[PDB]
Each structure stands twice: as C-alpha cells, then as structure tokens.
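Here is what each chain is made of, one letter per residue.
Protein chains: 2
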Amino acid sequence: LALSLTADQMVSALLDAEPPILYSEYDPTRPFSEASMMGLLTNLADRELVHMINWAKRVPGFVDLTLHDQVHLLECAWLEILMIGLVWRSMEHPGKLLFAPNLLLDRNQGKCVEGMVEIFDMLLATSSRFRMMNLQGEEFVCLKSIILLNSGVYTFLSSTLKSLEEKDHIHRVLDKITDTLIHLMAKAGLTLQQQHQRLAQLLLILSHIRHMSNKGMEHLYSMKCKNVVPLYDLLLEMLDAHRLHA
Amino acid sequence: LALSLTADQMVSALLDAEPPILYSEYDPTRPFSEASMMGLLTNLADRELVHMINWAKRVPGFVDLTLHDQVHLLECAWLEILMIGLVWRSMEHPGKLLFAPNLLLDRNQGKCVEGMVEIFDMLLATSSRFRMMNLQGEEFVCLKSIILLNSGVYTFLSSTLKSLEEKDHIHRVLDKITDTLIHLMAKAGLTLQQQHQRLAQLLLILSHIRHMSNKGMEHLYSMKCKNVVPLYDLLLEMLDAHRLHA
Ligand SMILES: CC/C(=C(\c1ccc(O)cc1)c1ccc(OCCN(C)C)cc1)c1ccccc1
Ligand SMILES: CC/C(=C(\c1ccc(O)cc1)c1ccc(OCCN(C)C)cc1)c1ccccc1
Numbered sequence: 058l059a060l061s062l063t064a065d066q067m068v069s070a071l072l073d074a075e076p077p078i079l080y081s082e083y084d085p086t087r088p089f090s091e092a093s094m095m096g097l098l099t100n101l102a103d104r105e106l107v108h109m110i111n112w113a114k115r116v117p118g119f120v121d122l123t124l125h126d127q128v129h130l131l132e133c134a135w136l137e138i139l140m141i142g143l144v145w146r147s148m149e150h151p152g153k154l155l156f157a158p159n160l161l162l163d164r165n166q167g168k169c170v171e172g173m174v175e176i177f178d179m180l181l182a183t184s185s186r187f188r189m190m191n192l193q194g195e196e197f198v199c200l201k202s203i204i205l206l207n208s209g210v211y212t213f214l215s216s217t218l219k220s221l222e223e224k225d226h227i228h229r230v231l232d233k234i235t236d237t238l239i240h241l242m243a244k245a246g247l248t249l250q251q252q253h254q255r256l257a258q259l260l261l262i263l264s265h266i267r268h269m270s271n272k273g274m275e276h277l278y279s280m281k282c283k284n285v286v287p288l289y290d291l292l293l294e295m296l297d298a299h300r301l302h303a
Numbered sequence: 058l059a060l061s062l063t064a065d066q067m068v069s070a071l072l073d074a075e076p077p078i079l080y081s082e083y084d085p086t087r088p089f090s091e092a093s094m095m096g097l098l099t100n101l102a103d104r105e106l107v108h109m110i111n112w113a114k115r116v117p118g119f120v121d122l123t124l125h126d127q128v129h130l131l132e133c134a135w136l137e138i139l140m141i142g143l144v145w146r147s148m149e150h151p152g153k154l155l156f157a158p159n160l161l162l163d164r165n166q167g168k169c170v171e172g173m174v175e176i177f178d179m180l181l182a183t184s185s186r187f188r189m190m191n192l193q194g195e196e197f198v199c200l201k202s203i204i205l206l207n208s209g210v211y212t213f214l215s216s217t218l219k220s221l222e223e224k225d226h227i228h229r230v231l232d233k234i235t236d237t238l239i240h241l242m243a244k245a246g247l248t249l250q251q252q253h254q255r256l257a258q259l260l261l262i263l264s265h266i267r268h269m270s271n272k273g274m275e276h277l278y279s280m281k282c283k284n285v286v287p288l289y290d291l292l293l294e295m296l297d298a299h300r301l302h303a
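In order, the protein sequence lines correspond to chains A and B.
Every letter in the first sequence is one number past the one before it in our numbering, and letter 127, counting from 1, is 184.
Every letter in the second sequence is one number past the one before it in our numbering, and letter 214, counting from 1, is 271.
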C-alpha cells in the first residue's frame, strides 16, 4: 500500500525508481554538422519513453490505478517529464542544455534547432532557477512524481464510481508527496515558514514546465506524422504488459 | 512598502482591489441565436482588461516594478487571470460556465463556441475542483495574485542589475503571498499538515490554468488580426499612465 509509506520510504522508493541517463545516437567520429538536431532529440525521446514507463510503474500508487488511467496520465505528462529531467541535468551547465552526456548545446546552437526558438531560453531559465534554489535530488524526484500524477487528473473521462475512486486515490498520493517534500525540508533544517515558502516556489515552477511542454507540443503537432499509431495506443501497448517475464 | 504588510493587511489589500463583474453586451430582448459567442467573449475580455490593469496596480508590490516588467507580466498572465475569474464565478453553477451574469452556457451550448472544443470541459473541471475544495474568496485573490507575479518571471529580458533586483522583488512578494495563504488556512482551523497539503493542492491547480490559457491562446492566434496594435503596446498605453487625473 503506497498510502502507508513513510516520508523516508517515499523518497527511497522514488530514488530507486529513477531511470537511467541515455546517450544520443550518433557517430562521435563523424561530423556534427551532418546530424539533424530534431532527429537526434526525437530518437532520444523515443528511447527515454520506454524507461519512463518502467519508472512510472514504480512511483508509489501509480499501478494501483486502472490501465486506462495510467495511459491518460502519461499521455498528458510525458513531455513535461522529459523536460524536467532535461532541466535537472543541465543544472550545473550554465547557458547550455545537456540533452545527453554526449550532446550539450548552447544558446547560439539552439537558435538552429527546429521548434526551439522560444523554449530553449525558457528551459535555460528553469535550469538557472533550480540552480539558484539549490534543488536537491530528493526534491526533484518528488516533483517529477507530482507531474505524473497531476498532469491529467482534471481531464479524466467521466464521473463513474470507479473514476471518482481513482481521482481520490491520486489526490491522496499527491498529498503524501507534499508531506514528503515538507519532511525533506524540515530535515534540511528549514524553518516552518521557509518550508511553506520553498514548497510553493517549487510547485510554481511546475506551471512553467507545463507552459514549456505546451509550446513544445505545438511544434511537434505542426509536423505530425500520418498513418502513425497514436501515442495512446503505444503507451497502452507498453503499459498493458503480461507477467510471463516474471 | 508591500514587503512590510501583514497577512491580514495583504488579504484586505487584495480583496479591496477586486475588479467588478461585467456584463456581456447584447440585446436581452433580441434572439440569442443571432449573437456570436466569440464576438461576445471578445468584447467582454476587452472590457475586463482595462479593469484588470486597475486591479494589477493595486496588487502589493506590482507598481514597485518597472513599467516594462509590469507589461511583460500582464502580457503573459492576462488570459490565465480571465480564466481563473471565470472558473471562480462558475463555482456554484455545476455543468455551466458563467461568462457573465447574463451569459451562462452549458456543455452542449459550449460545443458550438469556436476555440472551446477542449477548454470548455477543462474549465468546468477546474470549477468543479474549486467546489470540492470549497475554495474561499480570500484564497482566490491570493491565487490570482500569484498568477500575475509568477506568469512571466522566468521569461524576463536579460540579466541586468535592475533585472536581478526585479526578479528578487517578485519572489519576495510571492513568498509573502504564500505566508498569507498559510495564515488564512491556520485561521480556518486547519492543522499544519492540512495547511501544507491545501497550499500544494491550490498551487497545482495553477498548472492546469496555465494549460487552459495556452490552449486558448493557440486558438486566438489561429485567428489573429493583421494591422492591429500589439497587446504589448496596448498594455503599455494603459499602464504608462500620467498623474494628471490625480
Ligand atoms: C526540448 C527538447 C525536445 C525534446 C526532448 C526533450 C527532453 C528529452 O530528454 C529528449 C527530447 C523532444 C523532441 C522531439 C520529440 O519527439 C516525440 C514525438 N515523436 C514520437 C514523434 C520529443 C521530445 C523538443 C520538444 C519539442 C520541440 C522541440 C524540442
Ligand atoms: C474561455 C473563454 C474565452 C475568453 C474569455 C475568458 C474569460 C473571460 O472573463 C472573458 C473571455 C476569451 C475570448 C476571446 C478573447 O479575445 C482576446 C483577444 N482580443 C483582444 C482579440 C479573450 C478571452 C476564450 C478564450 C480562447 C478561446 C476560446 C474562448
């Protein structure tokens, strides 16, 4: 039961579920000018998605939900989740975005990546904010978890009895993550006021991540494929797994 | 000095700055089928904007900022501010959106308003959430203020000394509003844990309001005018006021 976990149990659970940092797929020995930035990012995102699924399934309370709800939450939050991870790893690289350990781009270079005319600078600003706030890994994982659960909680299908139970559960887990964040801050020696203030500062950044995701999706949709299986179905295929590999 | 205000002083200040509820402009005696929903909403929004300016100038700390920064914050947050007001007044009208006291539309009716294919339902969901949470007016005004100050704090021009001072001031005011929200909750008899949890629940709703604003702007831009003075300049004209009427 995810609702019985203690703060320390929540943090350890989340830290343990952290996905790996992937590398971009390209010939390091071959010219950089040849590669396509969007092709590289698209390929990176596609590989990260599989791992994101694995991660989501390990976020306490997520698997307690229905398959359809798990799919909806991920379809809503996937890009925000990729972006917050990106901002996090770019924290110690002022002026640059570490898309991957072998793919670090600066402002000027960004000016040439399609669909990033506005968001590159927004992402840098967010990374800078995390740096000023001295965001901790324990805090980062709670935030990423909040995004996954909060993403599409208010865009759910209907109001069936099961749907009401689902929403309630999500809000209870979210409440548990808030408690965890406060605990982490209390442990760090922050005063009560400093605790409330930091919690708020952190949650307000999530509105900026949503903004960046919306702007990114606007571009991705403006170059949408044709007869390509919908994200929903791909997520479903990956989420709707059997236990034959148990 | 807005930074010296007490919680009770902050709330009274915000409540006092509340803008009036405007009416839609149309012949109540004439057929409804004749009017254009987007024309009505556009005309309503335009009139609300002037009053929003007046309101912003009365949000503690806002006028301490530069004119250019005041304009940037409003250009980023204006639609979120209109939307949160809309959700707030539709709170006691399940299944309907009270665009104005003389303009209440239900789901089915929304299905016919351009640009609202997705956001109508999202707005209803938000109103429903506020209802379940039993959101208070004192809380609502703090939230609207947070939107105004948080909106474009991370999309500011450069990093000049003045810009760094500006950002710091905004974050200090935001911190003061957080304290105010916690105070309001403590006064309502909520426990410390219930306080942190509610603060988080309220701030997470702001990410959904940002989402709705982005979707709305997507449509508005898809029907953008030509030789029409940019929003920035209109906001500037309204904000850059003289004191000859003092
Ligand atoms: C911010 C970089 C980025 C992507 C990205 C972000 C973080 C990360 O870890 C990896 C990639 C990005 C780019 C493309 C993309 O494609 C997904 C859609 N495919 C399935 C067609 C996803 C993310 C992007 C998104 C929208 C527009 C421009 C760039
Ligand atoms: C949600 C209703 C709405 C508007 C609205 C919201 C709250 C409120 O109090 C009043 C209106 C809306 C519609 C049009 C609009 O136009 C502004 C641009 N003009 C200057 C060209 C602004 C808001 C809207 C926005 C985008 C798409 C579809 C509808």
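No lab work stands behind these hints, which were simulated from the structure alone.
A portion of the hints provided could be inaccurate.
Here are the computed distance ranges between Cβ atoms for each label pair [what the hints assert, rightly or not]:
hint, chain 1, residue 1, chain 2, residue 2, range
1, A, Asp290, B, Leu221, 43 to 51 Å
2, A, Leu72, B, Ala303, 31 to 39 Å
3, A, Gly246, B, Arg300, 46 to 54 Å
4, B, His108, A, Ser220, 32 to 40 Å
5, A, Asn165, B, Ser220, 39 to 47 Å
6, A, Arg300, B, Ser93, 21 to 29 Å
7, A, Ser216, B, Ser61, 42 to 50 Å
8, B, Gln166, A, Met280, 49 to 57 Å
9, B, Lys244, A, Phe89, 57 to 65 Å
10, A, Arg300, B, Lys244, 36 to 44 Å
11, A, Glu171, B, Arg164, 48 to 56 Å
12, A, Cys169, B, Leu124, 33 to 41 Å
13, B, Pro85, A, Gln166, 41 to 49 Å
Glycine residues also receive a C-beta, built at the ideal position from the N, C-alpha and C atoms.
Verdict for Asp290 of chain A, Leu221 of chain B (Cβ pair) under range 43 to 51 Å: Hint holds: Cβ distance 48 Å, inside 43 to 51 Å.
For the hint 21 to 29 Å, verify it against the beta carbon of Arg300 of chain A and that of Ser93 of chain B. violated (56 Å)
46 to 54 Å was suggested as the range; check whether the CB atoms of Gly246 of chain A and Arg300 of chain B agree with it. holds (48 Å)
Starting from the range 31 to 39 Å, see whether the pair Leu72 of chain A and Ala303 of chain B falls in it by beta-carbon distance. With Cβ atoms ~59 Å apart, the hint is violated.
Mind checking the hinted window 57 to 65 Å against the Cβ distance between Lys244 of chain B and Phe89 of chain A? The hinted range 57 to 65 Å holds for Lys244 of chain B and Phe89 of chain A, with Cβ atoms some 60 Å apart.
Starting from the range 32 to 40 Å, see whether the pair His108 of chain B and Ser220 of chain A falls in it by beta-carbon distance. Given about 38 Å between the Cβ atoms, the range holds.
Satisfaction of the hinted span 49 to 57 Å by the C-beta atoms belonging to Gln166 of chain B and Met280 of chain A: violated (35 Å)
Using the Cβ atoms, figure out if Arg300 of chain A sits within 36 to 44 Å of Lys244 of chain B. About 51 Å separates the Cβ atoms of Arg300 of chain A and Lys244 of chain B, which means 36 to 44 Å is violated.
Given the hint of 41 to 49 Å, check if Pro85 of chain B and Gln166 of chain A actually sit that far apart at their C-beta atoms. At roughly 59 Å between Cβ atoms, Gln166 of chain A and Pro85 of chain B fall outside 41 to 49 Å, so the hint is violated.
When you take the CB atoms of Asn165 of chain A and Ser220 of chain B, is the distance between them in 39 to 47 Å? Distance hint for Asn165 of chain A, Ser220 of chain B is violated at roughly 21 Å.
CB-CB spacing for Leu124 of chain B and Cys169 of chain A relative to the 33 to 41 Å hint: holds (34 Å)
A range of 48 to 56 Å was offered for this pair. Does it hold for the Cβ distance of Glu171 of chain A and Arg164 of chain B? violated (38 Å)
Consistency note: the structure conflicts with the earlier hints numbered 2, 5, 6, 8, 10, 11 and 13.
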